[PDB]
Amino acid sequence: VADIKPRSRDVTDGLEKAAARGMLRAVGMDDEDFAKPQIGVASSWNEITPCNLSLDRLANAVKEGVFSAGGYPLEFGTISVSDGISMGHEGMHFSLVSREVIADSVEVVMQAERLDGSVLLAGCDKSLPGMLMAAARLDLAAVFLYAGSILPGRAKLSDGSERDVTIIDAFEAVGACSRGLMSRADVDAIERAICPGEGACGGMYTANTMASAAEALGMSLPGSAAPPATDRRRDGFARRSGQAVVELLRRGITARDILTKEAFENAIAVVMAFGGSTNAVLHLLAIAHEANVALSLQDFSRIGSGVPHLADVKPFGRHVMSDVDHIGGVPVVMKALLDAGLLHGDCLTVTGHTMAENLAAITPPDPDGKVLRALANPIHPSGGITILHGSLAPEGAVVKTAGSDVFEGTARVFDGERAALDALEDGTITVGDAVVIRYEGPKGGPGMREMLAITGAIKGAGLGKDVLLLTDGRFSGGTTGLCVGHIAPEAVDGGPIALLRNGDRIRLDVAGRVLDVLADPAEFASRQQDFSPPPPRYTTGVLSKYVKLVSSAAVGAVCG
Amino acid sequence: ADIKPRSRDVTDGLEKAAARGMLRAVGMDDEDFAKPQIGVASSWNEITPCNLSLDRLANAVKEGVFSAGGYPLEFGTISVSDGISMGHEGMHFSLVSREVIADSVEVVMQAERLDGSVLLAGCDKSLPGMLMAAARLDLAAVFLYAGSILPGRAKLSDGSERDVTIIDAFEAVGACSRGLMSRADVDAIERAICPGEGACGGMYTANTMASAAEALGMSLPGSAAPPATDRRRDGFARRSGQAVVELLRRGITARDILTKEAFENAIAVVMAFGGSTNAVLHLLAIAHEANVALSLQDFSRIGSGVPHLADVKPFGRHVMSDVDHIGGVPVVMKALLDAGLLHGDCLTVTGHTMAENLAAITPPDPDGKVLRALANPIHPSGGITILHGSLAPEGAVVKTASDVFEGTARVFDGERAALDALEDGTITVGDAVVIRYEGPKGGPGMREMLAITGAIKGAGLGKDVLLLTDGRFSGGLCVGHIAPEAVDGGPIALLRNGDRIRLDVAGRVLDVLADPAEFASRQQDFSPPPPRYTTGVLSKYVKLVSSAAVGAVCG
Amino acid sequence: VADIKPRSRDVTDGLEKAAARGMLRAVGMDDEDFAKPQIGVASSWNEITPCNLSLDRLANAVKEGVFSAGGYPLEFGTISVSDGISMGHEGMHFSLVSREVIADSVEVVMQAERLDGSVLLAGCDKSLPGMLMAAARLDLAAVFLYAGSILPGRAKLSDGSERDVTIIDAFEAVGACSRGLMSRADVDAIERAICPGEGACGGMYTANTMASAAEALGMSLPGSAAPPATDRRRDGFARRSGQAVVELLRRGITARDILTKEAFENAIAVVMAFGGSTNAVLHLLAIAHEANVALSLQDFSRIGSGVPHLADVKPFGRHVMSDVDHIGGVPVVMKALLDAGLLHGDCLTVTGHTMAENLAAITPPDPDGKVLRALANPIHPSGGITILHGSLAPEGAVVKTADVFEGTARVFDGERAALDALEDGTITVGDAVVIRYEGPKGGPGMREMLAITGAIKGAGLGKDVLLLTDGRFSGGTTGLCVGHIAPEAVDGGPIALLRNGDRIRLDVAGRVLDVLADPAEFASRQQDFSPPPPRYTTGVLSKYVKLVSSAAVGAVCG
Ligand code: FES
Ligand code: FES
Ligand code: FES
Ligand SMILES: [Mg+2]
Ligand SMILES: [Mg+2]
Ligand SMILES: [Mg+2]
Ligand SMILES: [Mg+2]
Ligand SMILES: [Mg+2]
Ligand SMILES: [Mg+2]
Ligand SMILES: [Mg+2]
Ligand SMILES: [Mg+2]
Ligand SMILES: [Mg+2]
Ligand code: NA
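Protein chains in written order, with the deposited numbering: chain D, 14 to 416, 419 to 575; chain B, 15 to 415, 419 to 493, 497 to 575; chain C, 14 to 415, 420 to 575.
In short, the hints are calculated from the structure, not lab data.
Yeah, the Cβ is synthetic: ideal placement off N, Cα and C, and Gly gets one too.
Incorrect hints may have been included.
As the list claims (entries may be wrong) - Taking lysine-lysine and the DSS-like style, the derived pairs with C-alpha atoms no more than 25 Å apart in a straight line are:
hint: 1; chain 1: B; residue 1: 274; chain 2: B; residue 2: 413
hint: 2; chain 1: B; residue 1: 383; chain 2: B; residue 2: 413
hint: 3; chain 1: B; residue 1: 413; chain 2: B; residue 2: 480
hint: 4; chain 1: C; residue 1: 30; chain 2: C; residue 2: 18
hint: 5; chain 1: C; residue 1: 383; chain 2: D; residue 2: 169
hint: 6; chain 1: D; residue 1: 563; chain 2: B; residue 2: 563
hint: 7; chain 1: C; residue 1: 383; chain 2: D; residue 2: 383
hint: 8; chain 1: B; residue 1: 563; chain 2: B; residue 2: 480
Claimed, not checked - Here are a few chain D residues that sit away from chain B, every Cβ distance over 12 Å (derived from the structure):
hint: 9; residue: 60
hint: 10; residue: 91
hint: 11; residue: 95
hint: 12; residue: 197
hint: 13; residue: 205
hint: 14; residue: 245
hint: 15; residue: 248
hint: 16; residue: 303
hint: 17; residue: 369
hint: 18; residue: 445
hint: 19; residue: 476
hint: 20; residue: 517
hint: 21; residue: 522
hint: 22; residue: 527
hint: 23; residue: 548
This is chain D alone, in the form it adopts within the complex:
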């Protein structure tokens, strides 16, 4: 039978623990509490971004649930950054490393205090995988709860027209204004509308994709991802999350009993079915690594080839998470995939029951057909994300799936985004070019920046469907099937992307899953002698440490 106190007997039990008991009294524990499991309630609450604002009330509601189930909760805090506020300046270099700092933050507190289990609360992009990575690493009972999505805003423009707007509409408005196609007054109108109050980005970006993936991994209560941050149903999910973690301790269940290979395959299938963020490839690889579970880029290909793209969601589709909530949330996609034999029903979850048993209990409706397509009428018969291999990316790369044709182009090679933006401004990027931005990898950037300026400018210059964008970094906001990221090995590791020179020919076959450089292997291989990595830009502090310890993007840019 499970010990409901697998760690906290180190601080509560026996003559020798008098000093620890004396300190725990001073945070409120009394005689009756020392026999209870201790639950760490880790919140990335802050006011530096709206994404995290709901986590204060939700952590409180988690503590109420832990108490309701006979546990003792202890709240603590960790950082997040704003993936939105950090865009367009030096802060973009500090987004992905925040993931590592959050996972380490949770590990250190849980290990130091000998807590038995956790509930982990996150809002903004990198804090979700940061928490899930800590949960995997610790292999204690753990429940993940999301902040919830922001509500959509509506801009009134100068011509009397109106549009629903989000972050991307603010960046695009700036671009329209710079090309003389939009007034500064109309950029102002969009700015005032995009973010009304608390909640993470409403589109299918990293936060909503990973909140959906956490339901799919069985690490969040089914139905918990979709209700908006402002919606008090989140409070109920919070109290039930605190109750659930105490029951996992009673069962002797830990995070690695839930994070099995099959649970990761269920996350891949759900992310493929939502046309989730390509960032979910990086994060799910990293979470598998932290859970000591074998997972490769090819597992993404294999599962993704069998799962249709169903969700018509921003940024590439029409709808936002509040619309997915309205038609029944993530359980609708999970039930559709289970009924089609595309989900492992027998995966244990944080309910203490299997994915199939959870879905039987809540009986989601069928896909509505607009927000989530019917399985027989999908956006694409296979996954919303495509994994590539070939001579340019022998350790793999990722691209959002298109309808389209094969692309061949003459390589145009840049060390960093700034160089490519300059070349675009000077007219040296034209139809048929393959634009290659290298030294943007985990080590090269450093931090593997999500670049939005080059995709924005290519679209603005009308070159959206005529140019191929390729990077060892990441892209946001480009044309489906024409922005390739995560090219491994990255330039700093002397991968083929580092050997490229202006004029080399590149071929991308998305349907055939191939990204090749057309140069004679022998001739191409011997330029290897000339490769030299630029010296690290950041020689002190968190980014200097990151560059020393970080792995390839091909295995999730893990540091441990």
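Based on these hints, arrange chains B and C with the ligands on the given structure of chain D.
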């Protein structure tokens, strides 16, 4: 000066429409884009009493920043309990918390383009973690302490009444296991040691570093001493938010304040307070983060000229609330300055110098009981002694509560083997007890070991044996920080059972008295154990951490 | 120059104030804060209703504003009830009395602590006029800030239809279900959608009406009413409210400098233009009484005559307050009224500037034409509200209008007797149904009855019967529902002398409500009138009944 050295990246120009749009959703309006943005970094949590006051104090810092025309944005970071972590595997995760906290503040401040910070900490390692981030960022930064816990009084079965704390609970446990105290009396002490919010009241790491923060000029003068439960801390909080905005108006940043001279002020004040040996490790690391040259020999030099004045636990009688009653940290600082043992011209977070601050607040002279006048010291020199010599070529640290101490080496790989030996009677009077592989890499995490110090004292061998480690000690002669550590093939790794060790306090020497040639002939036989932690924060820490001799810095 | 501490030198200055200073240190004041004005921040925050949830964060942002302007804020709390959750049970008798308890609560703290000025924060119906009454009564610098409106919720029905719903839709769902016209599943779908999270009722009920009235009185910052509770623009209005109260102290401005006759006329005009709640009549009469300003039911008639219904907003219209916010909020209505000469521009406000000066500074757009109509194309030519007098209501009555009814009286002592007669089939087409002993004293608490209006409406009798009370009515019948009949039955008004068979006439155009029995015989019955004994002989309602005035003067307690 430009009052927005950073935040123009998120508030200014056409291109910042998206960042402005998100900043409106945390409550900023049109008039707030022109204001400096202050990160208010709280290590608040409920896992230890040390951090409980930080929630209301963060709120008061925000009120201060608003009152001075800034815009504060609160965020959280971790802290661990140095007390609750004692006696189990959690002790391996105490020191590394310092590095995670420093990184966490750097990440938020760099990602969000904030102009300055107010940094709030309670428990041992969170104070140096915040100070290291401030030094590393080189923006306007003010540090504010959670404040001390109130002392609790235990009534014992024998009608006795004593003020008790963590060490009193650990000692009670030892007394009870040796049949010299009832379980009833152990329970009475348990119930009294921590009544509620505030850090340890003795001159442990937290109070030492809070005092050192005033001495660095990084905290408002007088701010360290008021207890966590006292509402004067709220006024210091509001004045801390006001102060950071004024630093922006004057274009002052942390490295303007953290000069070599400020570090020598901090060492002076720590020596005078009988401060924790942990302050050696933390000030070396904070200087490294400020790009300021600071070495163990700097500690020895300042320490030679600065007497121990504070009669404070654990060595003395009083706690920080007693220090508060008689005028707090500025009383020690004025006494040192008057004697020419403090640099008066050091710029501080007030925008004025240490001398100008002390002139403004006119602290009283030492009271004679809680703080001694200079002519009347507890010891004529600093409590913290720096050693070198053939066993510690890169340095070691000992609290000298000044003769030659010796022993035949009894050598253990980790604390457990030393305790097993004490239990088997194989440790006797005159032994030099060496616990190696407890360094930053070896432990890993350079534990502050309490089990062996407690067990030796409990066995009556306290004054009869020498204690030596490449890790750290709490309670109890106890030599720590021995460098290079065992994992790096330092002399401590070559020691064998029987080697003669000599500690010479006067000469500042810790020697192995082996023939140098015979001793060096042992190097070929050394091989380090493989890392115990192969995943997570401790596998990373072992890969990056420096020698304790330069502060166990990671980057 | 005005003393910026008109009250707080009683607790900070002089030898005798040593104790008071020592206590203020313990809430955080240091030596420098004793020279600052002290601002009471009064929050009706609670969790008993969603209406109040935003007030915790907004009270915090008020404090930031006070600190930003050199004041020292001290937060304290008062009650509020839920006008929604109180509906349908004995709790309804405790709604209006909460207004008086809230007013007394703020008076007590402000007078005890010698605070210089206040920011008052309210969300649910009765708490807004409670706070405004306290502000008028104290005559210190005061700024009012609303919680903000709830967001609209979307129900998907078994039908496959989708509706935006709120409380009335939940109560009508229940009526439709018990008459076999809606499934239980669809009632549950509506229940789940009506209230997503924090905020007050989104329609033009008492809260939104009084929040709009507060902007029109000059007691709230212009544009502050309309932004939803969940919208962080409310935080900016909170910080500016804290800044505003300190600047009122610097200028020596107090609440009665702002609450002039002209400002109440502004409030009446804005309430009429919004098709606002008839409860606004009761509360604006009470606020004017507390402010020592002459205001009568006749003023509502005079101003109401000249102001058209502009806002196409629930419950009458289609839209909710978030829609009004989208098109530029209450300032759009106030500028429209100012330009048409239907607003007094020279009224001093909590900005320290005039109503005209404020609207010039923020330049609201013109009415959009859908949510807010231009005056050229109003919904109704005159105000939604009609004031009546006559032999049945000598001290007046109030009816929501949109023509001449004559009927035989069917008389009930209390709503329950009327509901029983409807189920019995005793209430029929042509009846003038009289529910008496529901006034301030009679009820007690002048309940807003929804059960009889819903049951009559459900029974298809809406257009066929006249509903009359000395209480209040909530919801329409799609017919005529006359409230506030004064004097009330307890005070031996005509309503108490009525008997089964008397005839009654209601002439909306004539502003008349008459009992058509012969004067001489009707008077003859006064000798045998005996009021029932108070049901509540203990506690707050026993004290309320002893002190409350006529609804004709706002049901004030003195
Ligand atoms: S920026 Fe935080 S979730 Fe998008
Ligand atoms: S345990 Fe936290 S300061 Fe002592
Ligand atoms: S019930 Fe509170 S505003 Fe309607
Ligand atoms: Mg909280
Ligand atoms: Mg992102
Ligand atoms: Mg197991
Ligand atoms: Mg707080
Ligand atoms: Mg310590
Ligand atoms: Mg400088
Ligand atoms: Mg509050
Ligand atoms: Mg009401
Ligand atoms: Mg006056
Ligand atoms: Na570049």
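Here is what the structure says about each hint:
1. B/274 / B/413: holds, 24 Å
2. B/383 / B/413: holds, 22 Å
3. B/413 / B/480: holds, 14 Å
4. C/30 / C/18: Judged against 25 Å, a Cα distance of about 15 Å means the pair holds.
5. C/383 / D/169: holds, 14 Å
6. D/563 / B/563: Distance of about 9 Å is within 25 Å: holds.
7. C/383 / D/383: violated, 29 Å
8. B/563 / B/480: violated, 38 Å
9. 60: violated, 5 Å
10. 91: Label violated. Min Cβ-Cβ 6 Å, cutoff 12 Å.
11. 95: Incorrect as stated: the minimum Cβ-Cβ distance to chain B is 6 Å, not above 12 Å.
12. 197: Label violated. Min Cβ-Cβ 7 Å, cutoff 12 Å.
13. 205: Answer for residue 205 of chain D: violated, closest chain B Cβ roughly 7 Å.
14. 245: Consistent with the label, residue 245 of chain D stays out of reach of chain B, its closest Cβ about 19 Å off (over 12 Å).
15. 248: holds, 20 Å
16. 303: violated, 8 Å
17. 369: holds, 32 Å
18. 445: holds, 26 Å
19. 476: holds, 17 Å
20. 517: About 30 Å separates residue 517 of chain D from the closest Cβ of chain B, which puts it past 12 Å; holds.
21. 522: With a cut-off of 12 Å, residue 522 of chain D remains clear of chain B, as the shortest Cβ separation is near 35 Å.
22. 527: Since the minimum Cβ distance to chain B is about 37 Å, residue 527 of chain D lies beyond 12 Å and the statement holds.
23. 548: holds, 19 Å
Violated hints for the displayed structure, listed by number in ascending order: 7, 8, 9, 10, 11, 12, 13 and 16.
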